[PDB]
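Participant: Based on these hints, arrange chain B on the given structure of chain A.
2 protein chains.
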Amino acid sequence: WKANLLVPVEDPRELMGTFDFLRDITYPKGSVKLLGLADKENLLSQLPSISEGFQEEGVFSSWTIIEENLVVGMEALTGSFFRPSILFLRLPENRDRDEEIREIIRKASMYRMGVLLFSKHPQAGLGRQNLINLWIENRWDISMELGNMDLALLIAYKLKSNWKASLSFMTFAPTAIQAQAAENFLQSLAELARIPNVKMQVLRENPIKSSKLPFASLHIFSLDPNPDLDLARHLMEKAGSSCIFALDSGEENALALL
Amino acid sequence: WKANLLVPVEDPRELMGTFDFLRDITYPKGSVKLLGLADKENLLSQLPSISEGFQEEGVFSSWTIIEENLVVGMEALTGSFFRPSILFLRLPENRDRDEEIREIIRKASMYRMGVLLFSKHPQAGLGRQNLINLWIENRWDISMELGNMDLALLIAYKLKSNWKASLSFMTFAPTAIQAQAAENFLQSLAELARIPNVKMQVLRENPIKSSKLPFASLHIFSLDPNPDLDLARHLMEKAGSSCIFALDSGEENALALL
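So the sequences go chain by chain: A and B.
FYI, in this note's numbering the residues of the first sequence are 1 to 258.
FYI, in this note's numbering the residues of the second sequence are 1001 to 1258.
Don't take every hint at face value.
Unchecked claim - Anything over 12 Å on all C-beta distances counts as not near chain A; from chain B, calculated:
(1) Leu1070
(2) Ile1142
(3) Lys1160
(4) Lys1199
(5) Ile1208
(6) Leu1231
(7) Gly1250
What the hints assert, rightly or not - Result set (PhoX-like, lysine-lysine): computed pairs, CA atoms no more than 25 Å apart in a straight line:
(8) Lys1002(B) with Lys1160(B)
(9) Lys40(A) with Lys1209(B)
(10) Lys1164(B) with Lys29(A)
(11) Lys1158(B) with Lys1029(B)
(12) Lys2(A) with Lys107(A)
(13) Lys1238(B) with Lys1199(B)
(14) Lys1238(B) with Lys1160(B)
(15) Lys1040(B) with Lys209(A)
(16) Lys1212(B) with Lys1199(B)
(17) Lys164(A) with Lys1160(B)
(18) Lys1238(B) with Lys40(A)
(19) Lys1164(B) with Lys160(A)
(20) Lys212(A) with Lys199(A)
(21) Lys238(A) with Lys212(A)
(22) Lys1164(B) with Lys164(A)
(23) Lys164(A) with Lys1029(B)
(24) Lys238(A) with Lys1040(B)
(25) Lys212(A) with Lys1040(B)
(26) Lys40(A) with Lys1212(B)
Note that these hints are calculated values from the structure, not bench results.
Idealized CB from N, CA, C, for every residue including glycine.
With the rest of the complex left out, here is chain A:
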């Protein structure tokens, strides 16, 4: 599997702060397209250098300069070489952009694109990068049709591998019968995907409802096609660590890759 990211950049300093993480998602032979948006930040000077940096660190890369611009950005991707694309967005602390962000997210599916929405904890950042939780939504038999969790799983596996971190699958269930089915589903997923040393937790309570989350450097969730961005922010704050939210294009088949 190779992640090909479209990364809008307004501020090159934010990009520099995210470089290693973008690299960890895409290494090896994945790709990163830097889409520079407008030039007080002198993107013209910085983007080419950062793009060359990705190449030096084993990831393919390109850059261009200049919400309507994101649509054009994705539209331009259509027949490009670097295969299925994924839109990488940062979830800001300020809510001033939630509507555009939501609109961008809604639009990305139209262009056969997955979306990664990254909510980096302002104090912890990615911490020790040694523990990853993949949160699997209450469903429990395994069809290749995993529904909206293929990108989440692929990212979990990729970061497990690039960070050499421990990975846990987390879910929740209302009843004993459902809890058992969820346990069995998680064990089957790990077994099919051939991911070793995965720990499973089936929780009594939903992560949105609980007071605390089981600790991780990074929590991976699925992103609802019609997301509550405040819910996303709340999860990160409650976790006390970084969260990433993954919306499928609908074209990924994680198991067939893994």
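Facilitator: Using the frame of chain A, we list chain B on its own:
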């Protein structure tokens, strides 16, 4: 050389966000003492785990729980095994604590302690950790008595080595005669300290006065015994990347180590 840090911790999430950097300063066989200050953050649960984490990652570590407390913290260090100590402080964005911070810095020298003051850029963080600038104050013959720059140099060398980053020595001079002397001093320092592949820049203007700084992942400066914390903040903002400020205990002899 082995850095033995005293690290006050009020918020374990900030500690998690700084863990790798503290490790990069102290690895290998350096040490980190976590001094937990007061318990809504449940330091009692988190500090022991983080301390064990340092040990796992090849750095010695200990922890205790509970401005007056920092003085006691350092006072307690007196005859402890882990040799010369260095106080590690974060420079917050909010100025509410500058006076206490300044007082702490002033006090640290009394206990034969160096001080590292870290100003992490809120967007760039440590970026790609591939370029380090060591800023050497306008002086130019080499005496073992480098004055207030021994800790700065040792940290530059340590991070160069642990990040496998490129290192540059930066300085400034008012006249051609002084510029030549500074060039020669920097070449001599690199040669004596046996640090290879160091690039030297002698600038026309002071870093405080210039509009922009030559780019680095991390700028290392000396910290004035009586520091202007706003000047420190300004340097980081102008740089667009992280800065660390190092005040000597006065007992370090960097060259004799390097």
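Participant: Give a verdict on every hint.
Facilitator: So, going through the hints one by one against the coordinates:
1. With 12 Å as the threshold on Cβ separation, the claim that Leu1070(B) sits away from chain A holds: the shortest Cβ distance comes to roughly 20 Å.
2. Taking the minimum C-beta to C-beta distance to chain A, about 35 Å, the non-interface status of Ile1142(B) holds against the 12 Å cut.
3. In this structure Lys1160(B) is separated from chain A by more than 12 Å, as the shortest Cβ-Cβ distance comes to about 18 Å.
4. At roughly 17 Å from the closest C-beta of chain A, the C-beta of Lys1199(B) stays outside 12 Å, upholding its exclusion from the interface.
5. No beta-carbon of chain A is positioned within 12 Å of the beta-carbon of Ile1208(B); the least distance is around 21 Å.
6. No Cβ of chain A approaches the Cβ of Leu1231(B) within 12 Å, the least distance being about 20 Å, so the stated non-interface status holds.
7. For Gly1250(B), the non-interface assignment is confirmed: its Cβ lies about 33 Å from the closest Cβ of chain A, beyond the 12 Å cut-off.
8. Of the supplied pair hints, the one linking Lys1002(B) and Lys1160(B) holds, its CA atoms being roughly 15 Å apart against a limit of 25 Å.
9. Taken as a hint, the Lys40(A) and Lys1209(B) pair is honoured in the structure, with Cα atoms around 21 Å apart against an allowance of 25 Å.
10. Note on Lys1164(B) and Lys29(A): the hinted pairing holds, with a Cα-Cα distance of about 23 Å set against a maximum of 25 Å.
11. For the given pair, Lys1158(B) sits about 12 Å from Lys1029(B) by alpha-carbon distance, which is consistent with the 25 Å threshold.
12. The straight-line distance between the Cα atoms of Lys2(A) and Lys107(A) is roughly 22 Å, inside the 25 Å bound, and the hint therefore holds.
13. A C-alpha spacing of about 22 Å is found between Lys1238(B) and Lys1199(B), which places the hinted pair at or below 25 Å, so the restraint holds.
14. Distance hint between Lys1238(B) and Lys1160(B) is fulfilled; the C-alpha atoms sit about 23 Å from each other, no more than 25 Å.
15. For the suggested pair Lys1040(B) and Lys209(A), the alpha carbons sit about 21 Å apart, so the restraint of at most 25 Å is met.
16. Among the hinted pairs, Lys1212(B) with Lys1199(B) is consistent with the structure: their alpha-carbon atoms are about 19 Å apart, no more than 25 Å.
17. Of the supplied pair hints, the one linking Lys164(A) and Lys1160(B) holds, its CA atoms being roughly 24 Å apart against a limit of 25 Å.
18. For the suggested pair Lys1238(B) and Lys40(A), the alpha carbons sit about 14 Å apart, so the restraint of at most 25 Å is met.
19. For the hint pairing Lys1164(B) with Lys160(A), the CA-to-CA distance comes to about 24 Å; that is within 25 Å, so the pair holds.
20. With a C-alpha separation of about 19 Å, the suggested pair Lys212(A) and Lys199(A) falls inside the 25 Å cut-off, and the hint holds.
21. Distance hint between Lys238(A) and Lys212(A) is fulfilled; the C-alpha atoms sit about 6 Å from each other, no more than 25 Å.
22. The suggested pairing of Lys1164(B) with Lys164(A) holds, with an alpha-carbon distance near 20 Å, which does not exceed 25 Å.
23. The suggested pairing of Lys164(A) with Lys1029(B) holds, with an alpha-carbon distance near 23 Å, which does not exceed 25 Å.
24. Between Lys238(A) and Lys1040(B) the alpha-carbon distance is near 14 Å, which keeps this suggested pair within the 25 Å criterion.
25. In summary, the hint linking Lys212(A) to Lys1040(B) is supported, as the alpha carbons are separated by about 14 Å, within the 25 Å threshold.
26. Taking the CA atoms of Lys40(A) and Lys1212(B), the gap is about 14 Å. The hint holds against a cut of 25 Å.
The structure agrees with every numbered hint stated previously.
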